[PDB]
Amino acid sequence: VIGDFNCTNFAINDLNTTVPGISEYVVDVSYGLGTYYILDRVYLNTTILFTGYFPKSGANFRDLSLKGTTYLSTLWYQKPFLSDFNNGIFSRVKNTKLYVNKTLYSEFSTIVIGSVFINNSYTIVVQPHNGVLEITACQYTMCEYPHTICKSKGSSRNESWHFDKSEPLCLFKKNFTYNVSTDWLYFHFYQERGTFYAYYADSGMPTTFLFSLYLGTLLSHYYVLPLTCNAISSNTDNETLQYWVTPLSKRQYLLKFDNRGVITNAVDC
């Protein structure tokens, strides 16, 4: 279970919905995937050897995104889904673009990073709001079975992943905009000497620095909240959620910059 507050008991079972296990996909950084721009520097028409937090080429992505309709499986809130954070993670996220009255809506899975997920520890939450990427790191009272809902098409159950009636004390709270039209979003989340770092990019594969947050504590776990939504199924609309995650580590990369400063290719030495 995540956290320890009894938020609800409606429609909970222990069914192993994942008859097909966690889907897997092979990392391939030959086209810049998993790389990020270096500080404020600019490199032109050259190849650089750089050491940083990058995915291991040839490793596997894991599709941790989960979609439900009415029932939540207790198995969703344990290993292997609840995963260790270690140095960090690289995330490749599909932007599930739905339509209501021919109006576009952007949805994708929420991710929570923390150590114990209780109101005496800080938990980082990255939640999309249809073009607005809300990021907070707050002492949330995380539920056993946190989950988000699908604001455009609705859901059969109310949204609940924290129970704080009063506003919890916390360190960071900001909103970042992202292009709702793009099909893929990339994120780097890693920690170093008690400081949390975040990079992202909604256009192009290489990511750019978002923010850094001092925590003074070691993050140990991350989890992708299941999403329950009436739509997003082959019986109503051929759309699916995807949240690919792979571990990060300190590795040396060969980075090639084109004549305009865009990382076009990379190699994992």
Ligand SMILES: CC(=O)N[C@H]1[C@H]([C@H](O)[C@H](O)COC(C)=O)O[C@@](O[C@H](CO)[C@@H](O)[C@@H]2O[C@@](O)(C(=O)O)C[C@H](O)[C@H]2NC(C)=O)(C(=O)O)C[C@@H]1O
The other form holds:
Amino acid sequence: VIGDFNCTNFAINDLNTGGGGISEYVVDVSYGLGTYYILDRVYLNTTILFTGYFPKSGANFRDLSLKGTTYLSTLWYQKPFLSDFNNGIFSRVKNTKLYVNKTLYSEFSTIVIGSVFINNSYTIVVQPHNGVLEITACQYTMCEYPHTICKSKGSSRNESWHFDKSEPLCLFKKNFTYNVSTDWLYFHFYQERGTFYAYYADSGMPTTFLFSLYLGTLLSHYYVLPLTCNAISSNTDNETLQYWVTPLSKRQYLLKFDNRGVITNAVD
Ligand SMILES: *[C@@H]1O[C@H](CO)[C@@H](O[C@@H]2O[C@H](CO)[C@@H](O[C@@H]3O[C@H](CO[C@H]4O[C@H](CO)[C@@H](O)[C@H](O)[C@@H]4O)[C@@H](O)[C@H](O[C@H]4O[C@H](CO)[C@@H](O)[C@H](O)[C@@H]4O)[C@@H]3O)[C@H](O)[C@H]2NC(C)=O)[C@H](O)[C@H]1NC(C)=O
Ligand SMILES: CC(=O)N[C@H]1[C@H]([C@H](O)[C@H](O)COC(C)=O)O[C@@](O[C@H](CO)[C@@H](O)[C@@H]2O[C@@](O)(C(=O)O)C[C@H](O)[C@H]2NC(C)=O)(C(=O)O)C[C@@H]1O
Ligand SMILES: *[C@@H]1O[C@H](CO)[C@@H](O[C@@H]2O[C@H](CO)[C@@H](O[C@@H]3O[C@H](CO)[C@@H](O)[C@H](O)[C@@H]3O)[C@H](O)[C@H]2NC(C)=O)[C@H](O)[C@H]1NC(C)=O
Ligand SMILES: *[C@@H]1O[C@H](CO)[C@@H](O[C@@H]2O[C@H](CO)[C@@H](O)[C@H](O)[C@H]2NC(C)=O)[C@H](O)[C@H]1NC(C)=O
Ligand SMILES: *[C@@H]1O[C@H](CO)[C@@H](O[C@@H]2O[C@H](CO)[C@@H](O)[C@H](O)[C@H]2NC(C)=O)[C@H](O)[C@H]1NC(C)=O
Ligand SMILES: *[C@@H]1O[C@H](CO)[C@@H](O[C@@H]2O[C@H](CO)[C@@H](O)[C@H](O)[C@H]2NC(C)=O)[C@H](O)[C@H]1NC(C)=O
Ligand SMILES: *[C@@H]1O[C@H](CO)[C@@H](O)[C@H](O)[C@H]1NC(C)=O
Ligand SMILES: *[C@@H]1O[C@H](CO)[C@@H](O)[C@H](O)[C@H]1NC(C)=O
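Having seen the form solved without the named molecule, please provide the structure of the form solved in complex with the named molecule.
Below is the entire complex, every chain and molecule, led by the chain shown above.
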């Protein structure tokens, strides 16, 4: 289980849907994937050695996205999906572009980051709402079996990942825009000295700083929430979710900057 609040018992079962296991893909930073822009600095037409929170090159990404329809498997709310946060993670996220009456809509998995997922501790949550990325850090009463929905196409169940009837205490609450038309989003989430840090990019590969947040407590787990939808499958539209993650660590990279300050290449 993620939290411990019994939000519902509707359509829960124990089926091992991952008969083929967690899907994997290989980290390759040679085109600037996994890198981020350094503070407020600009470098031009040059190569820098820099030490930062980066992926290991030639490590695996894991796809932790989980599309459901009606039933939720209890096995989705355990290891290997519930994952140790350590120093941090890098995410490569497919923007699942759907259509209704030729209008475009953007969906992708919510991620939660925390320690015990109980309302006496802060949980960070990052959730898309069709071009608005809502980010919060609050004492959420997380469910046992949290999940989200396709607000665009609809779902066979209502949304529930927390159960707070009155607004919980929050250290942070902001919205950030993202371009609904791009195919990928990239994120770094990491912690140093009890402060959480977030970088993203919705265009290109090198990420840029969103925010930082003092927690005063070590984060220790993260989890990518299942998404339930009447769309997003081979019998209806051949679309897919993907939410690739890999661990960060303190590493030295060569970074190459072009003559307009974009990071074009890197070496581990
Ligand atoms: C912070 O997070 C914690 C969890 O970590 C929350 O604690 C839980 O709070 C709920 C709500 O108060 C407790 O709910 C339990 O409900 C049982 C009945 O549930 C059914 O019926 C009710 C209507 O009566 C429906 O609302 C519900 O949806 C279900 O259909 C009760 O039986 C439970 O009673 C317990 O105590 C009696 C003795 O007094 C025993 O006989 C019972 O067997 C049982 O042990 C209870 O009322 C839930 O139990 C709480 N869990 C824990 C671990 O404490 C906090 O509420 C939350 N804080 C804030 C501010 O939101
Ligand atoms: C994490 C994972 O494994 N995710 C897959 C999902 C689950 O394994 C399954 O949900 C588990 O179920 C449990 C735990 O009991 O199966 C999906 O594929 C289904 C067939 O496997 C799909 O075709 C559905 O077929 C139906 O016969 C039915 O109900 O399963 C009718 C329903 O309308 C239709 N869904 C639609 C229209 O999207 C799906 O989607 O649900 C593809 C997802 O990638
Ligand atoms: C950040 O972005 C989110 C997502 O867009 C904003 O949340 C949404 O805010 C609106 C306005 O408060 C909510 O609409 C209201 O909902 C109630 C309940 O259904 C209804 O009675 C009102 O008439 C009105 O429609 C909306 O529900 C809410 N959530 C979602 C998923 O859209 C949020 O306001 C933005 N700002 C901040 C600082 O978070
Ligand atoms: C979790 O909460 C659900 C309700 O959302 C509980 O299910 C009810 O259990 C009582 C036990 O007396 C039954 O009379 C009801 O018919 C059940 N359903 C509903 C809709 O209330 C469930 O027992 C709780 N606990 C667990 C471990 O699932
Ligand atoms: C960017 O740096 C490169 C590499 O130093 C520069 O390329 C050289 O440019 C000179 C002419 O100024 C040529 O004679 C060399 O043959 C080039 N070397 C290579 C490896 O291509 C480039 O001029 C710089 N551009 C800017 C705008 O700073
Ligand atoms: C939002 O994302 C789309 C897709 O990446 C961007 O569209 C591209 O824009 C450039 C010019 O800036 C064109 O050369 C490409 O041909 C466009 N691609 C497609 C598929 O249309 C769009 O510019 C982005 N807009 C913002 C405001 O970020
Ligand atoms: C969804 O919410 C509506 C309105 O509260 C309720 O009538 C319905 O039973 C709920 N369905 C599920 C599966 O939670
Ligand atoms: C999904 O793709 C397969 C392979 O091309 C095809 O057989 C199937 O009919 C497609 N279904 C839809 C809804 O596009």
